[PDB]
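K.L.:
Take a look at the letters that make up each chain.
Protein chains: 6
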Amino acid sequence: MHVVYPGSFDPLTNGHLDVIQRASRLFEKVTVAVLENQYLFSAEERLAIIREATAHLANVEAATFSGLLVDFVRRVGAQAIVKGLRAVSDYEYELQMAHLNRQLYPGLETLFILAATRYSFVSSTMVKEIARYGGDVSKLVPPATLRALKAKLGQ
Amino acid sequence: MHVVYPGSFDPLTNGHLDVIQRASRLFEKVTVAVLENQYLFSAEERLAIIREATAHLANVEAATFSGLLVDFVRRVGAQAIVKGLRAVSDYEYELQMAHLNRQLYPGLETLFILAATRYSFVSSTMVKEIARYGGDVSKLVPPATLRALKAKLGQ
Amino acid sequence: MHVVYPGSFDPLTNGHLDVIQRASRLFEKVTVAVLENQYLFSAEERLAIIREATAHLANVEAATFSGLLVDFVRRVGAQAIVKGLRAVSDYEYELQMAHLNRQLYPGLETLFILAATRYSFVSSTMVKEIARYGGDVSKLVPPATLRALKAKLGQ
Amino acid sequence: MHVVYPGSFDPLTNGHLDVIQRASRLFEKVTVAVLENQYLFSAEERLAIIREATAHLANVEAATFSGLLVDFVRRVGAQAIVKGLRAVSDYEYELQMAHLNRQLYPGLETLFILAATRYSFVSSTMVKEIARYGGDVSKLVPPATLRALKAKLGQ
Amino acid sequence: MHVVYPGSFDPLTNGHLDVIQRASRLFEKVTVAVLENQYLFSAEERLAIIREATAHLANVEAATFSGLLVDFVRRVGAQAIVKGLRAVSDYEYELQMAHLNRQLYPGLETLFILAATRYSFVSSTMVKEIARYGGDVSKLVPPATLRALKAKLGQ
Amino acid sequence: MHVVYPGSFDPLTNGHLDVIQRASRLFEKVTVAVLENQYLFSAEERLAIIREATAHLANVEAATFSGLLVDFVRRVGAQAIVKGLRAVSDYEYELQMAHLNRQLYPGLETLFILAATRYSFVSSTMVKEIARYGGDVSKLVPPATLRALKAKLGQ
Ligand SMILES: CC(C)(COP(=O)(O)O)[C@@H](O)C(=O)NCCC(=O)NCCS
Ligand SMILES: CC(C)(COP(=O)(O)O)[C@@H](O)C(=O)NCCC(=O)NCCS
Ligand SMILES: CC(C)(COP(=O)(O)O)[C@@H](O)C(=O)NCCC(=O)NCCS
Ligand SMILES: CC(C)(COP(=O)(O)O)[C@@H](O)C(=O)NCCC(=O)NCCS
Ligand SMILES: CC(C)(COP(=O)(O)O)[C@@H](O)C(=O)NCCC(=O)NCCS
Ligand SMILES: CC(C)(COP(=O)(O)O)[C@@H](O)C(=O)NCCC(=O)NCCS
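Protein chains in written order, with the deposited numbering: chain A, 1 to 37, 43 to 160; chain B, 1 to 37, 43 to 160; chain C, 1 to 37, 43 to 160; chain D, 1 to 37, 43 to 160; chain E, 1 to 37, 43 to 160; chain F, 1 to 37, 43 to 160.
Please keep in mind that the hints were generated in silico from the structure rather than gathered at the bench. A few of these clues could be false.
Where chains are identical, the list cannot tell them apart; a pair therefore holds if satisfied intra-copy or between any two copies.
[As the list claims (entries may be wrong)] Below, simulated DMTMM-like cross-link-like pairs (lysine to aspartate or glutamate); rule was C-alpha separation at most 25 Å, straight line:
1. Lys157 to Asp76
2. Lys133 to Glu114
3. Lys144 to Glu97
4. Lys133 to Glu99
5. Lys155 to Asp76
Just chain A, with the same shape it has in the complex:
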């Protein structure tokens, strides 16, 4: 089974990486789909961070996409969408998108994986807010992201 893990990943956090690692162990192939269209990092920068952070996972690929997610899924020939859930995640929103995507692409399923408990409260938005003020986010994001934040924010 080939699954697609979509998101803006601005930037990639340990929560995202944890879900990617779990999907990597479960499925034959995982494609991380990076949304491209105000993000802190460009689509290219976000993709580069992901390629560096997932280099150790042999069955994980990554690419940017524009337009409808279901069209990307069809384009890469995947069987399902995978998303991570956190005790904090917007349950309603994920359910809504999952149902809508299953209508746009008749029968396309979204499978939810539970992110590691230790990263239950990590979000890209909070990482950026903390980093912006010089806060230490080293335990919340992978090394590739930490380096990118320091370069971007000039810290």
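Given chain A's structure and the hints, the job is docking chains B, C, D, E and F with the ligands onto it.
P.N.:
This is chains B, C, D, E and F with the ligands only, laid out in the frame that chain A set:
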């Protein structure tokens, strides 16, 4: 009983229409109140969509309003506000507005109606996002809205 | 419009009474349906409490019922079910019953009314627990209920 | 991938069957695990209902189990647990079990699938309550379950 | 114990004041931290409102801050953060910040206090929206805020 | 400040202990109140587990109580109730009790502390269920509890 169903309806979805149809069957009179003040459709366009989509309901009228909803309710002489609820709807926000409106207009009640299960995950925001990228939203919105989206987005 | 407000009301609390009073002001007729089948009070005792507590509302009647609520609704010729909502109420459960009842009795709607903010945290279960240990529940329940609790618990 | 779908299924509803059908299409093998230990139906009766209702799915097997679910998963050599989610489901409880099971069986993942919107409000408990009073549950459960309910309740 | 109650307080509502009053009675010292960085009121105006509204509480001080809240907490030598909770409050968001702050400032706890039931549905955003259209918010905010709103909105 | 941490603690889990440890560091005195009245462990056994597990905390005492919690609080002369919150905890129920207790004991506050993220999904009920079937709960409960479970369940 005369009830008012308020909203921005940008644009009207099948979820909204379903609630309007239920209110039409329950109450003697229903007035759909269209908020006017960045919306995709102008207040006039949103009102026109509603008039076309509800033409089959003899006791349903529609009008735009600015300012406080409670002042519009008093203006048209309605007895209550009616709102639709979805297993996804922002329960907290609706409860908050209902309580505040009951204070602004002493004793003015808001009655909640459950939208059809089949439209539980439809929202104007998602309809616009999907339509913007050429996605098929024909099963999510009434014909009047579908026509308006194609003309607006030039599709 | 004739509406039915169902419940076990074991015993009737100020939250229940508040909703009954709001329904009384909104609708032409309100019938409080008392479920009869381990309750602290018998169906007869629960009905008596309700008749005493709602005596001041001219358009409110009360009766016990067994079996399906929808059959009682049809029996008394009501147009809808009314239920109260609290920021604490089991939103999911009420939504579930509302949808199921709308299927059992094709098109039968349930209208939700918001209970007074001051009684947002009152429930029959907590009233009984507090009263059982001699706690003062006088501000949480109507006089009829207070008298019944003192007699039942021998306080 | 071989997945296990656990539950008490007392009795199997259309919500359960829908999830089983989705899992059947996604995974190579699906084993429905029936909990055996006050249920309305015996473990044998519940298993029989499932075997009849899933007969059309070639890659779906079913069996009863006692003790820890993770031990059953290991016993049948499955790679993950699959559970269905409904906009009403006890999100917290499912998350809790998923995390605990991932600890008991190091790394064992639970994948969540979204049940069909039309069965979002169906639960075994409500089916039994409605059927007990002669209510029509034919649209809420599969034929095998309908027959079992009529025989059990003598209707 | 010295606690810090942070927020934007744009403007201070009765919900905020209620929590401040409760914290004042519980702890030896309370410092209200006003976030400074599009707010309706300037940081100076927001601080002035708070100083006027809390003048009756002898152990309550107030100051503006920029950057990380944890740095302000350390700066004033406080032992914990205190936040108010409402049956409507974004539980998830408060939990997220509490956990993140406990990581940034190793072991720094956030203590949650329940706001008065009567102000359970009051928020700065809704106060501003209502006041903007000439609605009466006198029962939702303290006198200092009412005066500031009339001057700011020229009402 | 002297605070009371109430519960049935049947048995004490790492989630409970974590909250007790946090309260111990924050407040001058902490009294763990053990509810006594079908529990797996007797009130005496539950209290013994707590005394052993909290022996390292010099300002923590423990005692059993019957009747109303507010009466126990008054009896020991405490200033507030402290409770732990988990992203899974029944938010509504805790809010309800906090409000009711603040009415029974005019002004008695309940302060909520966030349990460690790592124990976010641990509950006494699940510990007992897992232990009953021979599951390893050593990482979910303190040594005192592990020993008590083995003796009670004869494992
Ligand atoms: C990128 C994402 C998966 C959400 O990512 P996020 O959780 O990082 O904000 C979603 O916005 C998306 O799928 N966008 C592509 C447009 C689309 O397909 N929209 C219809 C969704 S039903
Ligand atoms: C239009 C609406 C009903 C919300 O509509 P929405 O759900 O489509 O966003 C609400 O914004 C409104 O009532 N606006 C008028 C201003 C007002 O009365 N505000 C006070 C609300 S308590
Ligand atoms: C009595 C009540 C309204 C719930 O009352 P409660 O909130 O006081 O517990 C509900 O149990 C009911 O309607 N019972 C009658 C049986 C029935 O119709 N069941 C199907 C519900 S979909
Ligand atoms: C049967 C079920 C999946 C829950 O089923 P339900 O949703 O039908 O009530 C759960 O109770 C279970 O896994 N029971 C076996 C005992 C066990 O493994 N318990 C630990 C759960 S973390
Ligand atoms: C001001 C506030 C407490 C939130 O206030 P609000 O609820 O009024 O919007 C929060 O934004 C904050 O602490 N800001 C300072 C920046 C910071 O410390 N961010 C990290 C939060 S984990
Ligand atoms: C023991 C407890 C704190 C709840 O404990 P739990 O979360 O372990 O189930 C609660 O049941 C309690 O306070 N019981 C004493 C009786 C009482 O005071 N009841 C009124 C509560 S408002």
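K.L.:
State for each hint whether it applies.
P.N.:
Status of the hints after comparison with the structure:
no. : hint             : verdict
1   : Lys157 to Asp76  : between (32 Å within a copy, 23 Å between copies)
2   : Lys133 to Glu114 : between (31 Å within a copy, 22 Å between copies)
3   : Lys144 to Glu97  : between (28 Å within a copy, 20 Å between copies)
4   : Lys133 to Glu99  : both (22 Å within a copy, 17 Å between copies)
5   : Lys155 to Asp76  : between (35 Å within a copy, 20 Å between copies)
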